[PDB]
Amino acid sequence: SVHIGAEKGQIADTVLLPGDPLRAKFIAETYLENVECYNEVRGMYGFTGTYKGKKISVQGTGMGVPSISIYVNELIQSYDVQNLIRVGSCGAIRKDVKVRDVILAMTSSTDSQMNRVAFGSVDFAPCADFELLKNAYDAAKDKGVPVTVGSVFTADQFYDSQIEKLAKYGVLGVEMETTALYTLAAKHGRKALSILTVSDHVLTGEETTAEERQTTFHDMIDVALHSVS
């Protein structure tokens, strides 16, 4: 695959997808045993290790629909990946989404044109694989890890209009990857889920503290890993 420097058999059937390749390194080095780096192409690191006997890969995606679409498509078509789990942050857009909540995205809205390019007059609604979702939910509920299940918004432009309106329709937060993941996974018959923590409140400008972030990042990765193994 053009953007991934891996040999046959170097990437697991289950891949965690953080946006930041340095966070990919962090997750692998912190949570996994017998870690190997199978990709340094573009400095977008991919690693493979084991977690409680299960082979797991962790692959940086970059930011935005186009960047994640590249890596998801190559992981699927070139490396036969089956389960794809984004582990990221989002900006919360409602006050009832709390700083410690781990969010499981059922679906995502978008202003990306990726689907209108495919479907024209059809509004395509991306969907998480329910088995992965319910396994993640059960993993959180098993521990007492606070979890909220709803929809997100996949934005094409980091730097406001209608986020305001989307919040009024109960949308939980904004990030830049989920629509692409969910759509491409489903198109190839693979399983996908996006697990998200809150990096801030965008409407009130209320940031989260570094300590709060460290805790929720742990809960997120633990949920991702517990649910597949």
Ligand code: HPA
The other form holds:
Protein chains: 6
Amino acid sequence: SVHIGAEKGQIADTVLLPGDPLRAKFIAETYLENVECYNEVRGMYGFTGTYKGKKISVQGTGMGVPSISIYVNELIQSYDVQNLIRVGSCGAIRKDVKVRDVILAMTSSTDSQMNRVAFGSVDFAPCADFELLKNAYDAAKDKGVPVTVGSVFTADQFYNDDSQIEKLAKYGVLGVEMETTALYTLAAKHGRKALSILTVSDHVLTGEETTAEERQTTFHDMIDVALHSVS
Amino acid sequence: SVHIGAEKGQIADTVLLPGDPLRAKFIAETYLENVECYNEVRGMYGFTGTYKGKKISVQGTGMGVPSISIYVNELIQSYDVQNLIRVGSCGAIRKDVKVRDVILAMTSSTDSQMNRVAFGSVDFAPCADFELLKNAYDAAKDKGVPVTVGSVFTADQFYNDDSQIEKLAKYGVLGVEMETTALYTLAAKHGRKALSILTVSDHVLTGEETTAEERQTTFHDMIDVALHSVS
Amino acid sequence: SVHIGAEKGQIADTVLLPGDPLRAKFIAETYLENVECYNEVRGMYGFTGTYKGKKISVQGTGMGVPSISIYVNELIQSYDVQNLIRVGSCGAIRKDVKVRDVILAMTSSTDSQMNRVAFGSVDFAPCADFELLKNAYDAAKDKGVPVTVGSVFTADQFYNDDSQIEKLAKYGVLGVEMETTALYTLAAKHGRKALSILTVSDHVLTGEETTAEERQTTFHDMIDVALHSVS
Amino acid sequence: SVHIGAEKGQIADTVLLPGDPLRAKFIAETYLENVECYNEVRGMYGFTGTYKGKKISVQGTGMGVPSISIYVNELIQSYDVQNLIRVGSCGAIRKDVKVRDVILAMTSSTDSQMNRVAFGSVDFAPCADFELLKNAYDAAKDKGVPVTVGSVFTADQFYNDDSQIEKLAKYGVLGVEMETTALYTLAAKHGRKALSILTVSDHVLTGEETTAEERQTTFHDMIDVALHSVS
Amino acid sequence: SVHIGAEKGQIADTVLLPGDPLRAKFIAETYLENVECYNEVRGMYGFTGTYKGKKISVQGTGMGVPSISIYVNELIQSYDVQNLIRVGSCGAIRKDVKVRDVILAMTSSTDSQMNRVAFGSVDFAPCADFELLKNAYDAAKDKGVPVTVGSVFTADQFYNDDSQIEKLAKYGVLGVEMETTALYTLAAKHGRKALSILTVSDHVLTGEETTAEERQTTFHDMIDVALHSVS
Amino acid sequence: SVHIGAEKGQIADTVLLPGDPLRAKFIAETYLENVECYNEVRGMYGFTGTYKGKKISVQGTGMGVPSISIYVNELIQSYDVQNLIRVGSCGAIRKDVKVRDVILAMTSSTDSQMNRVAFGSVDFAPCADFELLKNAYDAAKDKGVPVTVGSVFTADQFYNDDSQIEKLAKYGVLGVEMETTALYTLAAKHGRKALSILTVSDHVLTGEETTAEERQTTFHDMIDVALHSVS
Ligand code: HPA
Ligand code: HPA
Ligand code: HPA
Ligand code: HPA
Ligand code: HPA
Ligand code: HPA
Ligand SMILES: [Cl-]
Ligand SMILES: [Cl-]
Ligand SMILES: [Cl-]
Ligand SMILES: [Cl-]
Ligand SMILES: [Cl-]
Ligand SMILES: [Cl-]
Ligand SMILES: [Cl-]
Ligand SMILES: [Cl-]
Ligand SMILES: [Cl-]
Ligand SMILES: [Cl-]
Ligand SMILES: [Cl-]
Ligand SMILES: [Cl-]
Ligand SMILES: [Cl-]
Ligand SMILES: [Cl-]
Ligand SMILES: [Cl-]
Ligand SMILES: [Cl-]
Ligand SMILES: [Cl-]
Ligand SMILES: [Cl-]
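Condition change, the form deposited without hypoxanthine (HPA) to the form solved in complex with hypoxanthine (HPA):
Up next: the whole complex, starting with the chain shown before.
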């Protein structure tokens, strides 16, 4: 593919998708055995290794619909990837969304025009693969990892003067990130399975930051859920 | 409320929501003990009775976003209803959606303008209550009822010259109905729990009709899931 | 048709269209001779009888664009109906619209997406059949029934947090209902004649309700205009 | 006003509004007594004279929503004009619209964004003043002038590569012009009375032109209706 | 063409485009030798003469996207015009835009729907011909004419209750007029060269008017730039 | 700032903005003296060094409106950056755009919803800083670097099933990239100066690729123009 420098078979059937390529490196080195880096193009690293003797890949996506759309499209179309699991963070937009909660996104709202480009007057509601979601849910429940299932907002503007997150929160939306709508829409359009698993990095509306310790803990829980759901 | 002639306490915390008021009558009389009809306004019947000694109501909604929106808003705001379960049918738009499958909607797409009216440039993705969905899922799995979890399309025009169901099917959408987006959006906006459970009445694209026997069978499975999930 | 259980010839060339199927029953029994009920599907009753020896039908439509669209499409396409006259009520949105006024809608505005679905960037302005409107107008004038001719708003949300009726009233719009845009657009698309005749059930902005006596009186005037215009 | 060089009282309560300022001159000189030109700014002539001893003004508007909007706004706001009657032509878009027919517009569709600018998700349907329309209708009928009442399309692009007039014609729309939506919307927003009366200059879809004789004849009928309706 | 009464070769390769046809007359008579009026249709005058022995035409456009679109389309398609230079005025919307500044528009924003009609979900950004712009820029700089290069707003409503000029000014937009988007889009679509050169007639937000002397001076500078850039 | 790990004064007044952080490293090391890396967050490298004794920074932006928007907003708001020069590539969409041409973007079209989010019914046309553009233009002309000035398309979807680049090319648009609209809109909103300078990496419509040698050559020309314009 244009943006990924891998050879055939170098990428696994299951790919984890952090936004930050340095977090892709961290995940692969920390969690997987026998790791190879299959991509260095643009420094958007991708790695493959094994978890309990099963091949797992980890590919950074960058930030925003347009950047993840590139990687997801190439993974699916050039590398025949079957399962695509974003592992990332979001800003919580409700008080009931706790800093320790691991979020499994059933769907996502968005201000990206990517679906109105395709559908015009239709509001397309992207949808997580239920089999992936349920496995992740079971995995959290089994260990007692606090988990919340609901929807998120996929934003184009991290700094948005016209943000509607107040209203989104009142409609039940849990948090704001910049990737999910693209991942869920593209995977579904190609008959692949996708899921986004998210930690909470702060509460956007109260400005209240999560501590470095809290983040390390939730990150490990997210990765454990991602992996465990998958073996 | 304006459209429902009930007194306080006459409607249960849990309401099943068929589109057809005559199917509301059928459900209440067939499945519940000690049934009272609490509403006859516009002939949109609503009933309350018990299932295993727990109060359950059944309220017809009519067809279309605008009609269900009336009933859902009044149930929530005037009767403090907590759990709202549409039990209805849809036209399947994919071959892999089988006539015996009971559909649990995680979300719904729509050509209704109801959310663009509220959100403008935002695509709002409605979201089922996961607790209700998982209970329904468990209930089906427990008995071996075939069940499929994914998304549906909420249509304004049953006869639509500009239908995009071809494209919707390619994006993974399972079927087309006329209520879900409204139910999920309104329940969520008011902090209530909603779920839509759907049988398949035909395949819209092949014109192939489900038999009367097939429909009777799936209808009973839907109601059993609706109830069982709830006790 | 899918939603109407009639046989050919059972429905007249001229059909009155109340929203409430129980009001369809009331109209047919009260005004017409030799009445037969040709439809009981979903309890959305339809009747045919005679008025001065001329066949007239009366078909409930339900509430909302999507519900009337079903009945209108089936009446036109399966039953070759020629004249379609909604007889209903609306909430007045101006002080100069009096509680006794019978409204004849020349056109209707809407927040339904049904026409943007068909036309995209075009604002489609639906249009009453002038021959039907003028006959109704003449009929009112002949008896001294107060009558106002202008436009209405066809709303998707009876309970609308984002209502623009304040601004609509300033642009001259008389009142808000939930059917007209669909009736006028569908009839015109198929070369049939349509008209909506409306009473005033309240003033939405002042909350001021019309009395039961006032409503009985205006209802009879509406029906008299509907009929008289037609014989 | 900014664009009209008249003094107070120089413009009548009733103004005829041709698009072409040279046709304004023709109308005033040909039909009215004791004519004064009250405006020469931009050569968009405006005249006042009498018809049967009643003051009538005639003001050119130019072509397009934006140009008529200027003149209509200034006439209403600076000159307290009460009745505004466009007298113009249109391209017929249906075969049943005959070259001799004088069109009275009940409403107009448009691809101008002027109402979406004000109303967003609402389709605003402009509405002729029924009193003006009925007088014009009566006036034609009295003399046997062929007259058709229905809707027109207000176009921004005389040369439109993306024209939807085919579809508009199927929905019953009679013809295409470039002014009506603005006139009807602005007059209504300010509590004034407006009407558009139109001749047919050609059939857009067949390219078939009306003869110079046909045009002279229809023009005189239009003006006669405009005037007669008004005295 | 339909709206221009000229014969072939009567219009030059280069046409100046004032909005006001009386200003077209003024420009031609004041600046050019051996002038002929080639168009009197609708009193939208067009003239051709010579400037330093080179043929130059001057064509009024009227006000608004729809009116200039007519003239520009006919000039290009029927008269094979190569260079199209609007010479007009605008209302400044920023304090830093001085009354003596001559504006060269690189692009224009708009509330016209003309490009959404063609492109739907795409924001089309029109673009001046850089060769024309640079020549005009050089011409001003050579003589010391104060000149500002940036963008303008093409408005449909001179009187706009929903104006966003406050926000437009904060994004750097210099002023508001009613023609540029159309000129730049149409010229580009047909492979011709266009440029808009504008004087400042007032500051819209402070209501502060430019004096008649200031306007005479800037007008002459605009015309000098238009001409000089061209010889 | 959240995404950039620099201290105050570490970033220059002038920042070059390649999409690829590895190209930021290449540029800084190859062209500048006394280079320090001020940012390693997410591996989106930023460097500062000197060019002819003047401080210049080079900051990778990532791909897509949302990713560059992050970096541009933080550069402006936290580091008081004055001049922002994207140096990147695009896919040419016209035959007349040659592989050796260096493109200076006056404006950009887009399918991003970022401006409709802010402006609704307004098409916002972003605008390059003319002073930056003219300096870059002069710099190319001085050395004989082939240079083309016009507009580009800022795309959200590198792989777009609904691409309108065919039509965009006919309207004169030169090429497609994924950043410019954001850079130009954000810089302008904050009173900073921006310009995008682009090489051609291929012709999207013919699939014809530029050679590695051609790309090395054009890249050096782009950087030379970027720098020279600036000293
Ligand atoms: O406000 C934000 N916008 C987008 N993504 C985010 N992730 C955390 N906060 C945000
Ligand atoms: O085509 C349809 N449209 C809406 N609802 C439906 N339910 C079954 N078929 C349909
Ligand atoms: O507010 C309303 N909305 C829609 N229809 C109505 N009919 C009376 N009031 C209303
Ligand atoms: O095609 C046209 N467009 C707009 N107005 C018209 N008037 C006659 N023909 C037309
Ligand atoms: O406010 C205005 N709108 C449009 N054009 C203008 N030219 C000067 N002022 C204006
Ligand atoms: O097709 C493309 N899309 C976006 N950016 C690009 N840069 C080169 N080609 C492309
Ligand atoms: Cl494996
Ligand atoms: Cl992330
Ligand atoms: Cl946001
Ligand atoms: Cl109970
Ligand atoms: Cl149903
Ligand atoms: Cl549909
Ligand atoms: Cl009969
Ligand atoms: Cl009704
Ligand atoms: Cl409303
Ligand atoms: Cl008088
Ligand atoms: Cl006209
Ligand atoms: Cl058109
Ligand atoms: Cl010459
Ligand atoms: Cl002008
Ligand atoms: Cl404006
Ligand atoms: Cl320095
Ligand atoms: Cl790049
Ligand atoms: Cl594209």
